[PDB]
Amino acid sequence: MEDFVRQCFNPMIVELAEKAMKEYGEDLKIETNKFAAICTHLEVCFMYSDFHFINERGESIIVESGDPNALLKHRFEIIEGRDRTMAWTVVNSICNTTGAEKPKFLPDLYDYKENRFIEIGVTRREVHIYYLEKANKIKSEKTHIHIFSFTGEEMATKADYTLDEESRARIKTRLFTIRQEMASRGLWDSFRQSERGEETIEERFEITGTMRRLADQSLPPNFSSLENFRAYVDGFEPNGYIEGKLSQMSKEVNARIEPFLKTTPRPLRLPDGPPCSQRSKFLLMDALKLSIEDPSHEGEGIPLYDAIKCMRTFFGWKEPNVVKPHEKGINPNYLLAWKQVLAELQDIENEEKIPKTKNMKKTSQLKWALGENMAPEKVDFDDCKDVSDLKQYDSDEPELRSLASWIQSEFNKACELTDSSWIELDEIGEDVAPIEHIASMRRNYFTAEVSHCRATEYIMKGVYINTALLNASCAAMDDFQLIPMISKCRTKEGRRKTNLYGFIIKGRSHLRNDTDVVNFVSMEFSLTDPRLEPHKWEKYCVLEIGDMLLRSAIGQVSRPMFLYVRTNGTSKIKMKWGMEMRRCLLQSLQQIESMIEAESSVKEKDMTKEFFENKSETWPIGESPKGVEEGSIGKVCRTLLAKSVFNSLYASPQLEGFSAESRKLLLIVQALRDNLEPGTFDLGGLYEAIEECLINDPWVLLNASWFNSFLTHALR
Amino acid sequence: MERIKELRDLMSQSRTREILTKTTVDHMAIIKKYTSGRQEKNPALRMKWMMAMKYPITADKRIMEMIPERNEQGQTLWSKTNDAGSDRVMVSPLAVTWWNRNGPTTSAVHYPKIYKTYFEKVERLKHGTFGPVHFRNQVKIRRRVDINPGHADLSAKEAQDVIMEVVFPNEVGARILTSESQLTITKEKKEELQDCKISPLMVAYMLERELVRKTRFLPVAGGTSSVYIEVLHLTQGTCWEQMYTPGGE
Amino acid sequence: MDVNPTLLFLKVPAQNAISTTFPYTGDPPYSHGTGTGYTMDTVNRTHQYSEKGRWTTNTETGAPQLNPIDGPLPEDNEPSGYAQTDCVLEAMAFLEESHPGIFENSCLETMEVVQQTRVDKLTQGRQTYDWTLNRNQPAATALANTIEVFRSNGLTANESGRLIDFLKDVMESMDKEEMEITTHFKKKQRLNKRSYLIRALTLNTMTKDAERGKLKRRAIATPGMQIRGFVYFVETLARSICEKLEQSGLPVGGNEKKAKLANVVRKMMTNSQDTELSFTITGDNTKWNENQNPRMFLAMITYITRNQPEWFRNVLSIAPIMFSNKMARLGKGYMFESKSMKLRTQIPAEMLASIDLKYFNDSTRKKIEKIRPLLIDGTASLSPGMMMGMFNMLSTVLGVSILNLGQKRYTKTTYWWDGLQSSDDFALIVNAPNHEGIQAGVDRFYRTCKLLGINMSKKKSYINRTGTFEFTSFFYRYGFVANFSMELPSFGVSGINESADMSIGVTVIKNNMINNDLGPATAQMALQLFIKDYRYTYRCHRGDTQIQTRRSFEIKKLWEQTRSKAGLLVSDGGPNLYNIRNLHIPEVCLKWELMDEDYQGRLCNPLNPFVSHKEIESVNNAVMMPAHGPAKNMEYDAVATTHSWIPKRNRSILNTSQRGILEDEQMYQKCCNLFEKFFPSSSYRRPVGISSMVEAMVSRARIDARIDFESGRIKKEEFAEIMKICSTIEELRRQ
Amino acid sequence: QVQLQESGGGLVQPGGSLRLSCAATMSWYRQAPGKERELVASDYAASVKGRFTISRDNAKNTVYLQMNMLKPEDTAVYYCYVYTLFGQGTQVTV
RNA sequence: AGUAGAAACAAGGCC
RNA sequence: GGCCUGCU
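Residue numbers (the deposited numbering), protein chains in the order written: chain A, 1 to 716; chain C, 1 to 249; chain B, 1 to 185, 207 to 756; chain F, 1 to 24, 33 to 51, 63 to 102, 113 to 123.
A hint or two may mislead.
Stated by the list, open to error - Between beta-carbon pairs, the in silico distance windows are:
{"#": "1", "chain 1": "B", "residue 1": "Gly500", "chain 2": "A", "residue 2": "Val517", "range": "43 to 51 angstroms"}
{"#": "2", "chain 1": "C", "residue 1": "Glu2", "chain 2": "A", "residue 2": "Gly25", "range": "35 to 43 angstroms"}
{"#": "3", "chain 1": "C", "residue 1": "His127", "chain 2": "B", "residue 2": "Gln124", "range": "35 to 43 angstroms"}
{"#": "4", "chain 1": "A", "residue 1": "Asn568", "chain 2": "B", "residue 2": "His456", "range": "51 to 59 angstroms"}
{"#": "5", "chain 1": "C", "residue 1": "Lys113", "chain 2": "B", "residue 2": "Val273", "range": "34 to 42 angstroms"}
{"#": "6", "chain 1": "A", "residue 1": "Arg192", "chain 2": "F", "residue 2": "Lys79", "range": "37 to 45 angstroms"}
Treat the hints as calculated values from the structure; they're not laboratory data.
Yeah, the Cβ is synthetic: ideal placement off N, Cα and C, and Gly gets one too.
With the hints as extra help, turn the sequences into a complete structure.
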């Protein structure tokens, strides 16, 4: 039958009908009479629509061939011959522009004169039944319907026929051409009734070929095919198989509970080796401040001018000389770098306006100090294979180092009060609710407690230094840059003040990965002689740069004044995390506020004021040789703030591992102290897990010592 | 006019012609998401790192013909170098602030009508009345509650057809909404937003947010009302209760 | 006196101050170089935990595979992957018996979803291993490349737009003699059957960074695109199953997890009378993923899908069949340094099979020597067990089956147990009349776990009396206690954009106040610090200050120009009006009534060249990877302002041979923008159909010109011009 | 697409000969009064075998029908066809 | 040298 | 010496 559509109809219509065939997903080889019927429907749609044009009037202009002009409007514009999505697109667009009603089924054409749709259907059966059939299929329709049938008859409601009658003679001539051409073909044994509305399909997902063999190799050891295994599974029913293997399984497979008593836990062993060194990016306990007493705010001002003005406030400069060498570098380079920094600072002082940011010369001194041109050149393996020295990067456990007493004192003095306010908080919306007033009063109390704390000063120092370093690295990637360490505080009298700890020289910072390292050299003034705790300054070079006179009742001290100079490095991640050190304030004060709220849930009243003023209640916050010492809530605030600050400063994988594996043991010990009969399956394994995190970090070793002390004081 | 004209210009060049011809409508989404740009793992680190560069943000090419290349002192506002995989050009953040001090101005009177949820929140809070804070242990029990206080009793898909018919009346397809509540919602949000020119996509998104009901599991103590859950952070705490009555009531 | 914070625990219980034990204020550990060492170590460890299995050689991939299932029962407490098929089938049968109708229903909904799912659902995924280029690429890019290759090779069933048809094409590709791929350096290369099989069965290995809570780094894996559809269907089934199990806690959030934990502890302890003792085990499973054999997941799913259409069973079984034969790419490689000659070199991992061992240290030398026998075409066969939690939900199902197997109806003894399982972590409440009963119950639970290939970490687990325990960093002590140290890293600028960052910060403060019991004063301090960091990050200072920045001039002139300066946004150098009462309001709407109409109009102008919206999914959704958890998405309330710009892209593609991808990106985006202008609903609802672009665009041009004349700007001249231009593009597409 | 022009019809005696042509498979059919249209020859009905011979010149698109030994039973209108297009029909009266 | 820690950075590639 | 890139 398909030979007929090969022969007669034009290409355009046959591929339109083929795409309509693909539309609903049925195959053309099984039933083709539908293809012919609907392609004839589509053909009558065209032949009825084309050759029919309109101009600004009604009364369509009919031309056998559209002449070249702007007057190519089509009388009837076709609906079908398009995908369902576009057919409904045209339906909705016509409804929204023509203000007509939206039909629920697919029309075939639209006309302007009568401003409505045409649903053309030419069926094998006579018209006077198919018409009202499709009419009762369509609900309350104003779209006019018109149908032909092979006998040659026409019909329509309203007795309406919308265009010329010679066109309809055309239609029925086409119709009988179709008819008495099948006459030569002979199809009416099924042509009248060939489609009955079949819609059914079964989804087929068959495993075959290579993928089947893979299925045959992904079974238990004693199975040969997926078919057999699935049959076995379907036939499988529970018949007490877990019990049999449990009985047969060796009894050494057990989870015996070892009781956890007061005498069970042993102190954590600390590693032994050379004392632990300093790792901070700046001096914490041995910092010195040169000040100007200016009225500018933290960010307000220009760095270089402030630094120069602060440094001019000090008199007593001496020619620098080596006091304590780096022990691994070239100290003369550090000396020359310091003198170069001074010289270029003067050079800025001379000229017209202090630059906002200064670049330094790339001398051999800072080329060595900043580690320039030291990365091995990257080459290909095929060119370097016979080199005996060629091997992997050194990948082994870090060097072992024992704890020293300097970190303990540094933390002790990091929780001490100061003679300045190191936090100038921002603005918030004016409090409107009583709860907001309570929150503001609490916040004011904590700010009064923690602002005068060395932890806040360290927070500001780190934030400013890391912000400046990151910005300089991102801006001046190539050229070495000078950045004075600046921090602005407020005195007890209320006068604002600036403080200059020293200088940082940032080097080449072409940082691609988050782990890539930018090297800088840090110089900081101090008065602490490095000849008393040399092991804490393994990586520092310390010079003697001047003498300071601070008013004291013992005449006047006239102390020496040294310069701690070192080469340090950071990374994008480290800079970003060090510039978010202000969340240590959060951590600490959230803990304290949780304490206050928990206690106030007992007594139905806010308990902040008496906690902060009466200072009756105290918490164990340290141990003295006499015994455990307790301090007021403010001291707890400062201690927790210092702990968070040191966590942010000495952060490392060792800290994370020890924190987790020691929190586990802390929970076990707490369960013991709560009389909850705690038990363990392998306590030695937990101890070994904790002890492997303690390698060389001073902070984690101090935490381990604190944990041992807590165990000793606990378990009683 | 224009649209078909850049269509013809695209089809003029062979590669885009092939892309238009062989690519089917269904694959639309795939090729639209086809990109070499990986999704950032650490957005904060790079936002703090990129903002230290010059020309850290991106803007459409049209910026080159509305904002001058430099400001009064000569600080550059935009660059003509296009982004990696787009025709947009990289520009400095000042071009934002500049646009807020001398850029073109319009009538933003209809934004309150579009962003109905947020302005309703503001109105509800502005007329609220606070009360005394009572300090006592709160037994916070976890419950499933509806957070959206303006949901019109419609699901995501249920209101999606409404949203299309309100914004994209022609792409609705087969669906013609039966429920009369949807009829009235369509009528109201059609006559209300008849000429709003913010964007079809944002209008649809905000209509989805407003009409679609959404639910989440939260620790609550008292309240349980939609209007009382948006301020759950302000009325309920660990050891304190703050009596509150939104402006709606 | 020496200060010691830990001594604070002598007065404050450990859980009431547990936040102090979370050093989440410093930089988390990161990996620096290759992850090849970790990948090799994981492969060797997975293969040696199942050493007593039986060896075979796959006839298709030619790789050695180790099957330990039904192997000898363990005789020691060391980890073992010798799961027994009959035991696990019986466990699943008991799970079904205790929950009748679970499998049949879940299979019904899964069948519905599978037969109505679309291909585009695969684009909604993070990095995936594209085999066309042998590298990780965004899910959409890899899917597009694979579809292009399939269409070039003759597999065009995916044009039906159905994920099931895409999987049919994927499987049909397995039986092809020779496929063709494209490489740029374009060159067409031919892949034989075995090479393509291994490329489709392989995984890409990387090192996990930003992982807090352990000293050593780990390795993670990413699969290809051929196997992700089957994984999606299997995980859909597993999620539908677990949603019907109250003992599971994987498909829920955190608060739901806490609620279920409280309910189970109350149920276990309350029902226990005075005579019965109760004990809670806070258990962690050692080597959870390395001991889960994909064959056992195949067994579980084929038991689940019993009495179901065979096509459903086949499509759900394809995934574990491929995992059982999965291969793993070793990794980036190894970098060597020579200090004598002062140079460095980078050898790819694919050379580990043949490269001499003189360059490697003792540990790496031994690892390579042990893993070499499993090396096939630069990748190692990893049949014995899963690599990194790809089947999280099925593992949770197995754990829930173990938990339910002690409902006192199967124990047949006075003791019994229950609890909650979330993959790699569990809490087990066991009750028994005497300590001997508790010991016997825990011993039998451990033994049954060892029969299913699941091991309990004795070093990271402990048992106490009920009332105090831990679960996924949630510490329960007669009621869950807030931590607030897990969410600390999320208190900074997110890094999306100005408005997005502001809204996300305020919303995070609000949420942590609601959930994590953040205090009022602490919340105010957090708001202040966040505002400070936000202003210092975006160079948007108050405007009344003299802080010179790259943006302080325009901000200052805008400040001096504005009359009501209280309405200026913090992004434009205005005061901050936020407070505890205003944390749930966007900044634009909070300052709407205070803004000057000129500034208000300039700010919220639709014609701004900065705002760009792509799809309904990416309107106000921000992907923030939370600390100590999987990547998560958040809805943030924000108004589309001129500050909603999107930041610059990487731009490093210009120096790589893969430079043509940018031109393809630009052309695809131009075509997509044209289509959207032709089809406005393209973004909100993704278009569907089987026609091509130009057909729809030209036909809609026809119709829209027509109707927009029937009322609108068009004119006959223009309408006819459009009609004949449509004809012109038609004849152009003809040729 | 094709137009068909017949020639050579008319009046002939029993036993006589007549030659039809058609200027344009191609073929000749006939219809007698009150009878259906029957095939004569294409490029043979059993009735005309050994009596009528058809030939085709593709160069000039012409299909001649030579009819010999004509009988009263061969009285009909004869029509040319092309594959279906039809000529107007030419009378043959024996 | 320095940062850092089971492998890396201490710029890369292209002419 | 000149120019390109900074998660590809």
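Exercise for review: Run the structure past the numbered hints and jot down the numbers of the failing ones, going up.
Suggested key: Going through the list in order, the structure violates no hint and respects every one.
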